[PDB]
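Enquirer: Start from the sequences and build out the full structure, keeping to the hints where you can.
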Amino acid sequence: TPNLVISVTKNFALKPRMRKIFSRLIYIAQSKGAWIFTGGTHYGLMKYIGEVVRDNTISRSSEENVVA
Amino acid sequence: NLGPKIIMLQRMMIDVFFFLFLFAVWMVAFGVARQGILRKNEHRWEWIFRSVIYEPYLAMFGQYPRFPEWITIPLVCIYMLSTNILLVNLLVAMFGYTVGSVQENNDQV
Amino acid sequence: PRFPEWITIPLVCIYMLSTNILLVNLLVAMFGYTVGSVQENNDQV
Amino acid sequence: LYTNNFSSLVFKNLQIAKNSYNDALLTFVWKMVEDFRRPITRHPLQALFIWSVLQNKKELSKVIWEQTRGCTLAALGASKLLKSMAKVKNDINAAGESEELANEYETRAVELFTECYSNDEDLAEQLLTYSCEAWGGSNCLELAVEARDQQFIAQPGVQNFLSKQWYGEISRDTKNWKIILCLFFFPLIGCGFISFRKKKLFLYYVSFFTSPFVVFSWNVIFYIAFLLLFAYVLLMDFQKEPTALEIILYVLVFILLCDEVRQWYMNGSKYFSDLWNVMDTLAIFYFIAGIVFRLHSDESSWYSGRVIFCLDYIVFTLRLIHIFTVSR
Amino acid sequence: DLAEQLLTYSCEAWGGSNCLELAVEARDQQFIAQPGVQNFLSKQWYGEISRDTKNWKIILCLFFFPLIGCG
Amino acid sequence: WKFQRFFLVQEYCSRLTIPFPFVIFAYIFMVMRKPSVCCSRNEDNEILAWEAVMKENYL
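Residue numbers (the deposited numbering), protein chains in the order written: chain Z, 141 to 149, 153 to 211; chain R, 851 to 914, 948 to 992; chain V, 948 to 992; chain H, 496 to 533, 555 to 714, 721 to 850; chain W, 638 to 708; chain A, 993 to 1026, 1039 to 1063.
No lab work stands behind these hints: they were computed from the structure. Be a bit skeptical, because a hint or two may be false.
Unchecked claim - Okay, the calculated beta carbon distance ranges per label pair:
id, chain 1, residue 1, chain 2, residue 2, range
1, R, 952, A, 1010, 43 to 51 Å
2, H, 612, Z, 153, 50 to 58 Å
3, H, 655, W, 656, 46 to 54 Å
4, H, 638, R, 985, 32 to 40 Å
5, A, 1010, H, 603, 38 to 46 Å
6, H, 642, R, 957, 49 to 57 Å
7, V, 963, H, 603, 49 to 57 Å
8, W, 707, H, 655, 38 to 46 Å
9, H, 564, R, 985, 43 to 51 Å
10, Z, 171, H, 687, 35 to 43 Å
Said to hold, decoys possible - One-sided and incomplete, this derived list gives chain H residues near chain R with beta-carbon spacing under 8 Å:
id, residue
11, 753
12, 756
13, 757
14, 758
15, 801
16, 844
17, 847
18, 850
Where is the CB? At the ideal position from N, CA and C, for every residue including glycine.
Expert: What follows is the structure, given as structure tokens:
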């Protein structure tokens, strides 16, 4: 693991910018090669992270991958 | 003409050459048709070349096809069609040089 | 000039070449006036 | 949504558009509207998008356009539908706004497709031909052609896709003369003189002859050979009883007749729009008449048939010249 | 509806002239070139005949009297 | 002119099948010879998912 992120979030409503922030975070994790850590799968912010991960893989594929 | 007319002059020579090529192609067919309609007895291979190749040019300008009265009108229509195609090709040769170029940067070319 | 029957085809080709050059020159004479000028300031000239 | 909140004016206008500017998509849309107005439909979001578009609500249509699943296809279809709506002159003020919205959506679609093509070339082309029942069984290319939006076709990516479809399995960047030399000589393709784009060997020979470019050039070459045969037979192979050579010529002409019938069946409306196709067909029929005369075996009819053949020959040569002109 | 009624309106303030009559003599191309007056003129040219009817429809009705009655 | 060329090329590509002299065979063969949902299939779903991601980037 070159670099691993951890996040702690319990429902929360996404804002117009927060989605951009977290999408950028996941893109950087993809670029460097990283592990993300999340607690459970109670839908909300963490579910959005999972959706971003799934979108990224099909968007790029090619070299490397990200792990939740 | 060396100056800003040289691109125009160089494209047009090529276009006119292509038009002349098409005209020659058409003349060969015209000559074959005329020779076939008029003469029948002559089967010599040698005379056929003479006839088909340089009878029509003589007919245009030279010292040297209506035998049948019944098919005159279709012949007239055929003449009209050939006129249409060849006139179109000539006018395209005339006006070809304008489409490709751009007015803003014409000087550099 | 057709006394000889044997050199007719080269004569035809020569005619074609002369036609090409002269027609080109005539069309250039027709369309020469457009290239030099500029549309924006055409009135002053 | 469709029975109550649908403006009566827009419905009356749509009626004219269906009646007198009938289009393939515009009949399916009308059928759906009538069925709703009276399970019924899949792709609900497409139905709502159409409802928003027909009332010319620009912002509320753009909002709903994002949630739709097929974005480029939906935008292209909406532009087409607005084009059809704009051709109604019962109401001018509405037509102007409809046309403006159509242009907006067309530009949006082309921009989005450029963005998609930038990332992955392979998937963009698969997406391009994709077809959905939401519209009348139409893909993006089919919809663009009927919509007559020049920009979408004019853009680079679709042009490249079309060009490599035209070349086929033949690899591009091979200079034309290389292809023609391989065309004349069978063996060269096998050796490697012509490359290819990607039991194994035979596919090279087959795919070299199914590419449209090769077939077109071969057809032109064979047409020239056909004209030479025609001239030879007409000048010094015309006898009281037709010879085998003339019979081969007749067989070739019959092949050509079948080829023409295919154009009649495949696309009938536009084939007769132009004079040149009409001339080709009339030439073949003229030939038929010529045979009718030749077979009578009477000198008086024989000469007339010969004249008919000569004129048909001139017509065929004109067809060839037309081909060369447009090709160049 | 009201714009066209306004267009032909005439007042003695000027020499008994309406907007169209004044525009033609004034030779201002823009006013005539605009869409609305063009549409008014076009539907005057067609008359009570409904527009959007393809020309051949009109010509076929022209040759044959009965068709117009049927619809 | 790009649009016009696309149209003509498309027409020609649709027409041409094989070299002219043998054409009749195919025709004869052809005359002897003579329910899919839009989005149900999974491989069809993948393409639309990719397109949606692309749209998000464009927006």
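Enquirer: Could you tell me which of the numbered hints above are not met by this structure, giving the numbers in increasing order?
Expert: Checked against the structure, no hint fails, so every one of them is satisfied.
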